[PDB]
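Asker: Given next are the chains, with one letter for each unit.
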Amino acid sequence: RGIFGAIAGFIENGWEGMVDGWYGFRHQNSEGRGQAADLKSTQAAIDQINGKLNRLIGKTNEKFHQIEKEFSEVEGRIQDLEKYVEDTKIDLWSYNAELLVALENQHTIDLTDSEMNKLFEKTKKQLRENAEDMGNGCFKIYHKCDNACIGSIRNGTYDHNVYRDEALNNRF
Amino acid sequence: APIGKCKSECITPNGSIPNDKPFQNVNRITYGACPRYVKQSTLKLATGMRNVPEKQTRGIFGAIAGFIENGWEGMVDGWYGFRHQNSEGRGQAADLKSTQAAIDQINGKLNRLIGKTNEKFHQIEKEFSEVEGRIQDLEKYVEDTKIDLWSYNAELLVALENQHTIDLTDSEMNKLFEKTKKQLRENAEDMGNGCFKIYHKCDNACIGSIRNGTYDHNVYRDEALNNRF
Amino acid sequence: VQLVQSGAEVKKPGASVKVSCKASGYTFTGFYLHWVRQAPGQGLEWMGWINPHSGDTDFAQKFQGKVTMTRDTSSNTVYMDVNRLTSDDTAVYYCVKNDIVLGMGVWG
Amino acid sequence: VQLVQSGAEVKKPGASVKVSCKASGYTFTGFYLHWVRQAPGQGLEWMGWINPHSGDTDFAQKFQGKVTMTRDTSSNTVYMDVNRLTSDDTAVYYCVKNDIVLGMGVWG
Amino acid sequence: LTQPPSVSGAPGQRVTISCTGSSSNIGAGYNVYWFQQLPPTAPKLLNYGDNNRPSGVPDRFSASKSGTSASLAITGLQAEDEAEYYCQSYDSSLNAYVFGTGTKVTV
Amino acid sequence: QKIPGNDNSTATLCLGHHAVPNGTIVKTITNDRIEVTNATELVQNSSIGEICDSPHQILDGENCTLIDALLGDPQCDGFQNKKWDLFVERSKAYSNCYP
Ligand SMILES: *[C@@H]1O[C@H](CO)[C@@H](O[C@@H]2O[C@H](CO)[C@@H](O)[C@H](O)[C@H]2NC(C)=O)[C@H](O)[C@H]1NC(C)=O
Ligand SMILES: *[C@@H]1O[C@H](CO)[C@@H](O[C@@H]2O[C@H](CO)[C@@H](O)[C@H](O)[C@H]2NC(C)=O)[C@H](O)[C@H]1NC(C)=O
Ligand SMILES: *[C@@H]1O[C@H](CO)[C@@H](O[C@@H]2O[C@H](CO)[C@@H](O)[C@H](O)[C@H]2NC(C)=O)[C@H](O)[C@H]1NC(C)=O
Ligand SMILES: *[C@@H]1O[C@H](CO)[C@@H](O)[C@H](O)[C@H]1NC(C)=O
Ligand SMILES: *[C@@H]1O[C@H](CO)[C@@H](O)[C@H](O)[C@H]1NC(C)=O
Ligand SMILES: *[C@@H]1O[C@H](CO)[C@@H](O)[C@H](O)[C@H]1NC(C)=O
Numbered sequence: 001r002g003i004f005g006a007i008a009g010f011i012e013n014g015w016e017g018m019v020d021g022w023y024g025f026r027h028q029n030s031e032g033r034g035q036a037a038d039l040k041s042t043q044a045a046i047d048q049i050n051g052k053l054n055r056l057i058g059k060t061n062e063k064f065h066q067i068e069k070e071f072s073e074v075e076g077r078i079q080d081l082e083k084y085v086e087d088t089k090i091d092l093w094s095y096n097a098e099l100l101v102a103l104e105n106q107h108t109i110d111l112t113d114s115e116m117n118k119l120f121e122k123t124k125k126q127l128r129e130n131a132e133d134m135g136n137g138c139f140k141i142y143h144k145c146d147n148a149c150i151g152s153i154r155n156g157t158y159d160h161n162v163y164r165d166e167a168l169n170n171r172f
Numbered sequence: 001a002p003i004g005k006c007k008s009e010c011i012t013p014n015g016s017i018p019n020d021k022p023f024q025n026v027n028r029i030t031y032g033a034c035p036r037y038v039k040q041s042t043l044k045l046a047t048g049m050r051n052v053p054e055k056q057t058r059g060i061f062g063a064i065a066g067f068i069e070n071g072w073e074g075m076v077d078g079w080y081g082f083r084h085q086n087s088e089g090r091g092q093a094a095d096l097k098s099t100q101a102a103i104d105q106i107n108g109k110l111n112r113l114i115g116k117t118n119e120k121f122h123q124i125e126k127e128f129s130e131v132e133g134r135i136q137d138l139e140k141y142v143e144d145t146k147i148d149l150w151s152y153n154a155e156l157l158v159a160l161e162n163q164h165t166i167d168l169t170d171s172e173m174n175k176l177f178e179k180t181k182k183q184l185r186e187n188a189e190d191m192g193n194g195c196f197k198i199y200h201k202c203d204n205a206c207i208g209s210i211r212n213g214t215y216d217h218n219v220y221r222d223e224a225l226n227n228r229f
Numbered sequence: 001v002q003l004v005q006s007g008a009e010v011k012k013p014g015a016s017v018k019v020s021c022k023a024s025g026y027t028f029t030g031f032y033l034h035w036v037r038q039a040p041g042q043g044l045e046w047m048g049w050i051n052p053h054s055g056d057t058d059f060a061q062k063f064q065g066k067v068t069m070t071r072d073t074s075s076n077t078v079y080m081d082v083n084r085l086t087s088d089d090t091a092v093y094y095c096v097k098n099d100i101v102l103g104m105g106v107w108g
Numbered sequence: 001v002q003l004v005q006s007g008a009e010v011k012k013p014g015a016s017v018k019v020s021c022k023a024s025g026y027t028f029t030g031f032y033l034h035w036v037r038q039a040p041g042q043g044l045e046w047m048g049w050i051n052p053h054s055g056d057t058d059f060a061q062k063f064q065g066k067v068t069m070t071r072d073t074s075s076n077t078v079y080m081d082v083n084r085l086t087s088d089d090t091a092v093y094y095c096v097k098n099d100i101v102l103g104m105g106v107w108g
Numbered sequence: 001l002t003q004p005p006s007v008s009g010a011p012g013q014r015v016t017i018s019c020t021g022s023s024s025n026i027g028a029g030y031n032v033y034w035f036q037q038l039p040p041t042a043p044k045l046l047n048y049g050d051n052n053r054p055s056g057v058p059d060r061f062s063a064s065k066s067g068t069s070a071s072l073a074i075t076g077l078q079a080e081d082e083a084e085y086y087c088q089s090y091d092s093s094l095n096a097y098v099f100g101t102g103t104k105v106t107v
Numbered sequence: 001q002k003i004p005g006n007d008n009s010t011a012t013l014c015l016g017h018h019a020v021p022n023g024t025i026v027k028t029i030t031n032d033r034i035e036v037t038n039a040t041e042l043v044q045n046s047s048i049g050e051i052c053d054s055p056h057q058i059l060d061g062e063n064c065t066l067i068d069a070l071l072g073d074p075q076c077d078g079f080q081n082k083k084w085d086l087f088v089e090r091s092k093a094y095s096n097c098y099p
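Quick mapping for you: the protein sequence lines, in order, are chains A, B, C, D, E and F.
According to this note's numbering, the first sequence is numbered sequentially starting from 1.
According to this note's numbering, the second sequence is numbered sequentially starting from 1.
According to this note's numbering, the third sequence is numbered sequentially starting from 1.
According to this note's numbering, the fourth sequence is numbered sequentially starting from 1.
According to this note's numbering, the fifth sequence is numbered sequentially starting from 1.
According to this note's numbering, the sixth sequence is numbered sequentially starting from 1.
Honestly, the hints are just simulated from the structure, not real lab data.
Here a beta-carbon is modelled for each residue, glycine too, at the ideal position from N, C-alpha and C.
Among the hints, erroneous ones may be present.
Said to hold, decoys possible - Pairwise CB distance ranges (calculated):
#, chain 1, residue 1, chain 2, residue 2, range
1, C, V4, F, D60, 46 to 56 Å
2, F, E62, B, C6, 14 to 24 Å
3, A, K122, F, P4, 25 to 35 Å
Let the sequences and hints guide you as you build the complete structure.
Answerer: See the structure below:
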């Protein structure tokens, strides 16, 4: 970003160089910038994705005997009817496949985005009055957070009543 | 099957069958306005919302949360509801408007399918007791393809309707939560466990006013910020 | 939601008495269970409560040590063992499914 | 993410030297590129950084005017031109893909 | 918690029942309940968390709570009345749920 | 124990929804197994077992097929000039007069 740089995420900038997991965290304080990953959210996402994928793969049905689908002669009306029913079945299944792929892609893209709107609202609830949404993708915490407070927020153990006495003193 | 006396719209080789459902498993040969035939042994439409069994015990103190961590047991007044705690004691109530809207939408969705079958008076023969050749094989093939296509359509329709019902009956509760937050404005803070914490001295009348929508936040906004800030 | 009991036994003074309360129709580990007793001519005398989700129990002001209770989650039931029988402790025992917002709830 | 270079040329004192750094495996215009050099028996001497998204550059305290660098986005590469060669400037030149949170990143 | 040891009323007449209390039990803002019972069989709950009914009780009973005392009134008295009533509440001085003592004769 | 005395200057209004212990399992497009309070079986897997002809007139070929009735045989001589909306043949039927 010009000469200073950018740190935003999930709203204006996807993160490169993070193979720990899908969803993650970053922070800035007097102990230096860092990066971490949330195993619970990425594990839930991976489990849902794997279940969705296993729904289709390996669940085929037996089709031992069918009609002849290739011809090398003109025969009449019954051959034309067989070709017509073959074409109609193929067209219907092609439309079904395209619609299924579109629906599954739409639902996956919205699921893996509502799961990040979640854990954002959840962190906002955990921080209560101690953090203000910057709007570029994440929060700004108004108390003197350290390397332990970030970990506590990541775990869910964070107790806002301790630092709520000074957060409003700093922000209001 | 022997012949008796009753009123029925569809006839199947097994016997009569009610028209009050959109699918069937009895047989693939029908006369009248019979429902569609599928292969699934069972199919369930979510005529209702998600279920979270109540865990009211929390060590020795107990729990009161709702809609986020704990579904409520012992409430037959309606689907969506309210609870409160103040100096006059804990209580429970129901919102008739939201549950009535949900019930109307659910009933419309259900009436969309039930009773709207189409006449199928004459069809091809779908059972055989002899080997005949290529035309019989073609009839069997078209029957199988139709049955498979309709089974996939039924499964997809049920999945779509269940997904939309479960999300509708949850966005309708995200609503009336945002609505209550707007009504309370600066006088309430979201605890995050499922509901609000109101910072003014609310009584049995203030809860009813909030439930009705008559609540006026300007009266108590003078002391809510005095208590919370 | 229903609570059944088994308390038809009779014992001599100084012996022990076991009473069983079986719950059905609701999530067993979700509500506090209460034990109370009633004697003729007297009001109901509350004894204690037990949380089926754990082992936590609480007793009255005069029922410390002389009465115990335990729970079996696999068979969704509770047992109460009372020892040191006395002539003044002859009464009928009631099992209660307490609810924090709907009151005392169902009885047995 | 990989950075390759071309710096095998040799020049007489007073001439000019061109060195090219080619980046692959990542979005070229997304990270600051750094130029550093190392001489035997000495620690690494950092020279400057360039933003491939624009023309902005920054130099060290003693590398003003004597060294320049430019970028080609269409071929995702950078060039460094150094003039006024001196005996004390004989060293090996390293190209770096800096990251603001993961450190110095990959080298060349 | 206690109830007046005797109270009577002819059919068609209203009857009032009151519970005693102090700041520890009724003055702490906790709920109060009534139990209609026969001594040998079982009790049955009256009142509710709110001022409603547990959807099995006729409209003949009305309950109210005040700063220091609570009351139950029966207006449409019938012959189906099982004349035994006890109060019930929660105490803070002792952490046990406390029922009441009482006696009623219809006359 | 229990929660201490309700605070004099704070309310805790809460919102929620009903739940049942015998939650029925159902499948959606995102989750294969979820619990719902109420659900209806869409597929009718049971039959009454008898055929009745209130709205649709039904003819019963007790001992003959449709072709046997059409050609004219004694065992179905009561089928002359009849009309129907559905003809139900019996598996025990058999031609008698001529093969
Ligand atoms: C009545 O419906 C039943 C199934 O509910 C049919 O029974 C099956 O019929 C097929 C085709 O004849 C057989 O291959 C199967 O073995 C039968 N049983 C099952 C469990 O699938 C039956 O044919 C229908 N009709 C009558 C007249 O009984
Ligand atoms: C679950 O939902 C179904 C469908 O709305 C309810 O079934 C209805 O029950 C009413 C009352 O008996 C009948 O008038 C309707 O005709 C029924 N409709 C259908 C489609 O079956 C059912 O009662 C609900 N379950 C519970 C426990 O309330
Ligand atoms: C169909 O034909 C059968 C013979 O194959 C008939 O069977 C018997 O018919 C005689 C006629 O006098 C009756 O007395 C017997 O009681 C019949 N036996 C049985 C087992 O049915 C039969 O009646 C004919 N008709 C029908 C409607 O089945
Ligand atoms: C919180 O997370 C941090 C960072 O990984 C970890 O060190 C700590 O053990 C976690 N749990 C706590 C504080 O209970
Ligand atoms: C508000 O709701 C309460 C509780 O049911 C009711 O008593 C009152 O009449 C309602 N309407 C108002 C205050 O306008
Ligand atoms: C609430 O008010 C009562 C008197 O009505 C008083 O005794 C009590 O201390 C107050 N509670 C709190 C928590 O301030």
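Asker: Hint by hint, which ones does this structure get wrong, listed from lowest number up?
Answerer: none
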